[PDB]
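Hey, can you work out the whole structure from these sequences and the hints?
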Amino acid sequence: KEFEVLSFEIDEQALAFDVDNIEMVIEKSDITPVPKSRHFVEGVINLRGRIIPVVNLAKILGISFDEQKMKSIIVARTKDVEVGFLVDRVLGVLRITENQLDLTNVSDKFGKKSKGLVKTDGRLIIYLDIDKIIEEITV
Amino acid sequence: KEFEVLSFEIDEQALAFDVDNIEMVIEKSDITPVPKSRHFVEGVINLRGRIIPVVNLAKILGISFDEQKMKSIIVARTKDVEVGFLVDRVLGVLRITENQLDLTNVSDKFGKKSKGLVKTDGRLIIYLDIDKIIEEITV
Amino acid sequence: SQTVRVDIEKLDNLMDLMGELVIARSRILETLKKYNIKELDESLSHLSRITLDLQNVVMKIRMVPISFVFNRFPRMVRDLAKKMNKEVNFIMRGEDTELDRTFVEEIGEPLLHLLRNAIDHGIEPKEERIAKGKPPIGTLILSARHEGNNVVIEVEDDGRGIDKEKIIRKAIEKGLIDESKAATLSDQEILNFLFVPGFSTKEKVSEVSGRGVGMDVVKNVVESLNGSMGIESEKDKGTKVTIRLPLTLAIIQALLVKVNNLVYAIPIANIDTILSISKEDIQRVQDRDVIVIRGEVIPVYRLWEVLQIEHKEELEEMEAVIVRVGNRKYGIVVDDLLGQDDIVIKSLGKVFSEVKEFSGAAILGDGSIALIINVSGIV
Amino acid sequence: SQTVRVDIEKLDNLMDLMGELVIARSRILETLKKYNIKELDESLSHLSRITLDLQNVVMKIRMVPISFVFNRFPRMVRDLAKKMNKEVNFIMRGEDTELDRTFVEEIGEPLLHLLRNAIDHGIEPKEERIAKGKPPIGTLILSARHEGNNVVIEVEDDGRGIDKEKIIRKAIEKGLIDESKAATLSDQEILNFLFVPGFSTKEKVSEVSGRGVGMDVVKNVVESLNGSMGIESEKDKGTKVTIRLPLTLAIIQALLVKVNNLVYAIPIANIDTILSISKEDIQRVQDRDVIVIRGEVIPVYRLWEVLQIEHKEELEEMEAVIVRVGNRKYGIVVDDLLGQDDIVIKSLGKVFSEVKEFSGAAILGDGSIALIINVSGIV
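Heads up: the protein sequence lines correspond to chains F, D, C and E, in order.
Here the first sequence stands for residues 9 to 147, numbered as in the authors' numbering.
Here the second sequence stands for residues 9 to 147, numbered as in the authors' numbering.
Here the third sequence stands for residues 293 to 671, numbered as in the authors' numbering.
Here the fourth sequence stands for residues 293 to 671, numbered as in the authors' numbering.
If you're looking for bench data, these hints aren't it; they were derived computationally from the structure.
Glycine included, every Cβ here is placed at the ideal spot set by N, Cα and C.
Only true hints are included.
Which bits of chain C does chain D cover? Going by a derived footprint, with three or more residues having C-beta under 8 Å, they are:
(1) 597–606
(2) 645–656
(3) 659–666
Structure (structure tokens):
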């Protein structure tokens, strides 16, 4: 299968999840505070007439990050919920080949909510599982 | 019977019809010309969301007028139609009594369209009937 | 399950208030033209979009599916067929096809007559079909659909068909056509004399007063609702009648022109070209003004002359619109060209009944009044 | 004029367009107070006039009479009267009382099980009716009306009444309440045990008439739709049931209050009064504070505390909002009081469902998000 994913970075590390679960992408501006909210969330924004929660991806994966550097909110779309992810730069749509996709889950510490790792001669594009990431926020 | 009528003049001649059959009163501003119009009509205006014809009363009755002096449109109201009547100055609302009302209209041009003649305070106020006046203008 | 019951008059009132929002949209555009602010340009761009989406939904819910009128026919048609002593299959398709409130109410009785005449003349009794070696059960098909930004309603039988030789010869006998014009006219064109009075006898059509619904009436009603109607027939192949009606009266495409700075709308569908002509060219032969265009001779008319209104004295290079009517086309000279739009036709008024040049007034988007020219009203 | 059909999907899209039009009204209003333009006020005011007319037309087609939905229900009561060999008169006064279509659908089979248990339970046979000298045919009544931000459904009978004296004794068997508490209670709180799930689960699998008295099934639905239900009963005076539900979908009349300049809306429907209190009058007897206002003692809560927002500095005269909950009412002390307006609830989604304190955001006229306090969620 030829998978189409959205490529984007955090802290000099490439990441990506499918285009199937994308609403659009925007640049950060003031995020409305919600009182007594979970620590891995920034707040809420109004996007296309809907109230989208703005999650901080790196606090879900447990990876190192620098908060000021981030400025791109990637709005996702699942059947359960629609959620924005604050990150660094974005590339766009990257067609990946099944031949170059490794499925090992013990390679790095966030490998269980990662669907795999795309091998390449540039920065290694890690394939996430949107599903298991939304499954984390609702517990 | 105590009928309350709308009093107004044309070339110093007094006239009046009931308040029961009134929509409003306005000053003539840009009446749209309709090509091939009969001699007694000025044209049409949009009032209260409806397209109202502006007739020139004195050219229906058969009496004198000045068309730069006349500048008041009295908009009427029957079950059938709403039509504006272009005339001179207006006085206002007058309660009339049967005791000062005469039915002699033997010598009048519009005397079979007149309900009577009101002999109030030295004036000769002729009482009109909107219905029979509107039946003449229709084609 | 749930669904809404509402009067048509209430959605007609919701359409009316929608047309007030168009004027208010035009008043915010006036403020935008004076004050030129990107915020308000954006706010008006969103309001323009919402008004366009909203006017589509109101118009859509107001349109009536023709199914109520359609399912009035099968029981009426069967009783007629039985009394007429014949057997037909009725095939009815496109049942919930949507058209205007005015059109669904007007068309029902003329289409009942069209169907009634199709079984009476067209569909043979069984014994006649058995004599022609043909299948004894007739087939009558009524089919409605959307095409061309309009509504199409097809009616056809497998019946006798119409003698085209009888229609053409009767047109000569009643003095309605010349012998060489008759001999050059095509089959599809000859069957239009069916829609001219006196080519059928049924249901009170010779009457001076209180006349019935003839086949002439059916063609005239379709045309009166601004549509078009066609016929084609052949021996033992039955007769086929095609009716094309607009969707609604709220989308009548026009070219708005001005004379004396007064808006006059011109029906786009009829047109043929728009041309700026010179004052040197125009000439008179032995009648009213003509212009030689493509080596052909076109009878040019001055809008302000045919409408009897005071206008400019002096010659200039004038803009003309060539409009088509019947098999011909005349020129209409106008002063300035405003701009096209799909308008809403309203009544001219009951003090103006005698005027033949205008079919209907209309309220434009800026609240301006504009009358709509009748293409066959000027000669 | 004529009744036509509009389906709910078409009305759902029309509702969204009405929502996009209200946003455009607010975005021109933002632009207007930004640039301070006198002429743009007039332009907008006319738009706002037509929009008010359109809004109330759209609300009329959104709402439905209850007896349009409940149309088969008097026939069902006749058939159940016939089955049990009882004479009863059913009175239904619901034709002028309009309710939302999502609310009416969820509460209909609930209400049917209430009436179906009532015809068995409280409606008398003729022998037992005339044994008590009561009018010879039973009286069971459905009716409704409109009150403020709500629509009130009312059910009443002249039947047996409910055995309240036995219900407290049964409640002690089931372990529902204490006996000294049962002696404290007033009659309408005894009947409130018929609105406890699991107090009676008795049903018929033959009839399929609803569990219990057909009332804890209704109460769950009424609470789910954010309403409020009451009951009263007396032996051989019959029973009466009161049901309050929201006037329209999504719209919530509110009082906007602020903590550290953050907008938090307070539901005006639930309220009881607004007062400026001193901190020198706030006292305590148990674990939490109170204030004696109007002679009554009200359990005060600090908005900023239950939401965990830091309080920088303290001023003596505090603004308080008194809100009603259940049969009672608590005080909400606020930092600033902005100003009322009627807002529209927006979900925060699956990640924020857990929080009792707030069940919904809302979009203000400056484009700002503001959350709505849940009155029964705090306490």
